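Peer 1: One-letter residues, chain by chain:
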Amino acid sequence: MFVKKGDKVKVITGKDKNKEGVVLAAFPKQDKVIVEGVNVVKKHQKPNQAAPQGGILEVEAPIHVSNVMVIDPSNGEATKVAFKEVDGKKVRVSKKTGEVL
Amino acid sequence: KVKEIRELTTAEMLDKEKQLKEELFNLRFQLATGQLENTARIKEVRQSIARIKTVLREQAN
Amino acid sequence: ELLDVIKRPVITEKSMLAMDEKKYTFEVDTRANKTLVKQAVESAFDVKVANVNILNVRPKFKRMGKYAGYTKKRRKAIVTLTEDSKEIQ
Amino acid sequence: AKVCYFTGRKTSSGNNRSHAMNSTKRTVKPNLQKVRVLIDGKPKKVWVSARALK
RNA sequence: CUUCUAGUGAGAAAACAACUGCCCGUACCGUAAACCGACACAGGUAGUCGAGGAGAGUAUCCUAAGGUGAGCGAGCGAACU
RNA sequence: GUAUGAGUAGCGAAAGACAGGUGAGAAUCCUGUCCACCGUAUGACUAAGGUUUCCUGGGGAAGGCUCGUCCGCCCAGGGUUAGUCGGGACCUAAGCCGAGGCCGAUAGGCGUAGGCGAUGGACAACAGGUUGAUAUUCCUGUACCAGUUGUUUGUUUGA
RNA sequence: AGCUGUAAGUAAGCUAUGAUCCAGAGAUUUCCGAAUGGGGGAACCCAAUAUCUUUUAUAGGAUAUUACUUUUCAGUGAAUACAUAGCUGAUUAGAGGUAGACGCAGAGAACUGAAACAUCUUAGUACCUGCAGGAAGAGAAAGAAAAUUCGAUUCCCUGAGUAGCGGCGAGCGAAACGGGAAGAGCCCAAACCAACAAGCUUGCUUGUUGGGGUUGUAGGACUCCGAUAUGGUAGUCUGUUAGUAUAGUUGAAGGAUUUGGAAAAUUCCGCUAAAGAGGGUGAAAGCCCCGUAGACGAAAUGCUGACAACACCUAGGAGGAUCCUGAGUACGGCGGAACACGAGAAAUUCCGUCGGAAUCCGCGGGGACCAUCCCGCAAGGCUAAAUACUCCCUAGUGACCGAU
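Residue numbers (the deposited numbering), protein chains in the order written: chain V, 1 to 101; chain Z, 2 to 62; chain U, 2 to 90; chain Y, 2 to 55.
Errors might be hidden in some of the hints.
For the chain Z half of the interface with chain U, some residues (derived, Cβ under 8 Å), not all of them [to be verified]:
1) 22
2) 23
3) 26
4) 27
5) 30
6) 41
7) 44
Calculated directly from the structure, the hints in this document are not laboratory data.
Ideal Cβ placement from N, Cα and C applies to all residues, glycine included.
With the hints as constraints, model all of the structure from the sequences given.
Peer 2: Here it is in structure tokens:
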């Protein structure tokens, strides 16, 4: 999906613009992604098997995948991603000076 | 896992078919009386039987 | 085919009382005989059988979510023994 | 009386026409008679046209 | 079913014992609120059983065994139907 | 889709009353007592037909011509047991189908041998007990019908 | 790199030793149904014969085979002797459905128009039945014409609402010439000559196989010499490659600012284009995501070309003694129909019924009929393309709809 489940990522659009975080889960075929600490939401649960005291709880919500950008692990600036011919495990070979991501 | 079923003979084939059919009988009796923690083993046995039967068809032309 | 014939036991309140007179209830295959069931039970447990009895059960109209249709058909056989026992739990 | 064995003459349709040119439907038939012939040894009673016996 | 022959055609009669015997239906309503009448409808629905007194009787009135109080009520006690 | 007629006609034959229960709530549900109705039927059993409406535990939004704590309604589980009863592995009636056959623009119509087809023929088990729901089917006692195994003379035919 | 459909919910699991997912080829495939062992109220019931199984045994389970017709071959076979009906067995093919379409046949209306209604129209339309094919049907002159001709069939333009037909009313309605799309031609019968069998006329009559031979400028047989080579195919589940359909790969270029919950909007300053088609993203994006222009790819199976083999087919000149060239046929009377042509002065083409030729010194046609001239050679078979239709699969399009 051009973004994987273990991955550091920066946010382009939507109220968390400029935040970073490690990807938490990938949902292909709906093209969304959960990022750590990024789209916090407040629910209201009644007691059930998990947390028999259901308070007002807060977890992340999935954002759309094109609101996101990969970060080169070694250098730290967000990059568009391209594919090139290494010994034939084709990996995302970063733009912005041809390094492996 | 046909790579092992192809390491045997057509007599031990029919033998393991007997064994797996009997396992299915016993699993089916567990599931009804309130046992069988691991319910994913019923599908696995069905599919191992299917594999033996295809491999036996292939080899006898 | 002697090992696809018996499907499973029946465990209801009317069937617990039968286990105290040496009777056992199984859902058996449709297209099975009194005699075929008897052979299968004598083969799979090493008992001696007096008298299979056999019934058919009609399907039931059900209706969940504005979609209605019937459950399966069923075959129930009750097996009586001379002297031996099978332990199901 | 359905066809003949050697030709194919069968029945068809025609018109009557009655002096004021009214037309109704009608049947036309061939002149078939039952005869014994030697078609491959054993005699057979078949319908044959009189024009093919002529 | 019972006889008579024609008939491929070792030697089966009857004692005890113990064994074998398949498939389909089987609930419940059924002079009815469960069937036919669009209805929880004063209509229709084959057959068997169907008690006592008084009586020729399965008529008539009152009852036995059994069943039932019927799915809108409380008042008033005019005209009229 | 909504008015008017209008809170009007009607609420589909018939005897109830009181005490006490349950409940948020009772003329209408439960239990009792007395009263009243049918009784060649409004009682008991069964063939069609229906097809789960049958039993147990919960429910009260709609259905029920009022009400409802109730129900042939709604949700969850459960119930139908046969050598001998009724049907097949037996017989045939009316009628139907019909190898060959005979007829006929086509399609097809008829019909022989031989079959299907009960409303009729033939054909071996009874009395009692038991469940919340099945009983000539389960159980008890005592039977009967058709077979199978074992232990108790020339296929000419007088076996 | 995640996954166990809709489908939430939970429980158990699978996957970097490559899941899930995608394309080609396989395997399995209950029961009913043409339904085909016999029956039947479709999805059920009941068998026969062999082999195998459960049981001490009977009862029980499995697998194969078993309809009808035709068309080929053996066995058996008879009213009736020889043998033909028949019967048993082995072999060969059919049978049913549809794409509510397109084609060719059989049979075949009515309301309606004529301001009524019979001829006529609606109309050989609708409906029904048979047979198909991927297209069908027609097709290689017994033709179109009129001097100076042209050469198989089909389809389009035009001729033309003409020439005609018609209670001469309502109305029906051509063709050839001229211009185009596409183009292609072939095989038998007969005479005669051999091999075989029967009639052994031991005359050569009946036949079976092979050869020869296919036409109007008449052609062939037959006799005479030449040649014994050369032009082609509408052919095969034969090889050699080339492409192609069915999965995919890669694919340029943006940040800050203002208003908002959120910008793709506003304002600044940049970049990219063989790519400014389209869709998505918290509002309107060439530069965020999927794509697009361009470049690349197939283990397997199926299609279409090309060139190879293999299979088939194809010769001149002369002669004019004799033989051949499709018979109950062409044609005629009677009754019907088809031709735009309603019996008309009615040629041409069919069907039923009866009568019934000629043989190259011949036979048919040029719209009754005759004479003369001109053009053809029936009564045997096949054939691509140019034209019709869309149940379905792929890729798209619309001054077409937008929940009565």
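Peer 1: Are the hints correct? Go through all of them and say.
Peer 2: Against the structure, the hints:
no., hint, result
1, 22, "holds (5 Å)"
2, 23, "holds (7 Å)"
3, 26, "holds (6 Å)"
4, 27, "violated (10 Å)"
5, 30, "holds (6 Å)"
6, 41, "violated (19 Å)"
7, 44, "violated (17 Å)"
Violation of the numbered hints given earlier is confined to hints 4, 6, 7; the remaining hints are satisfied by the structure.
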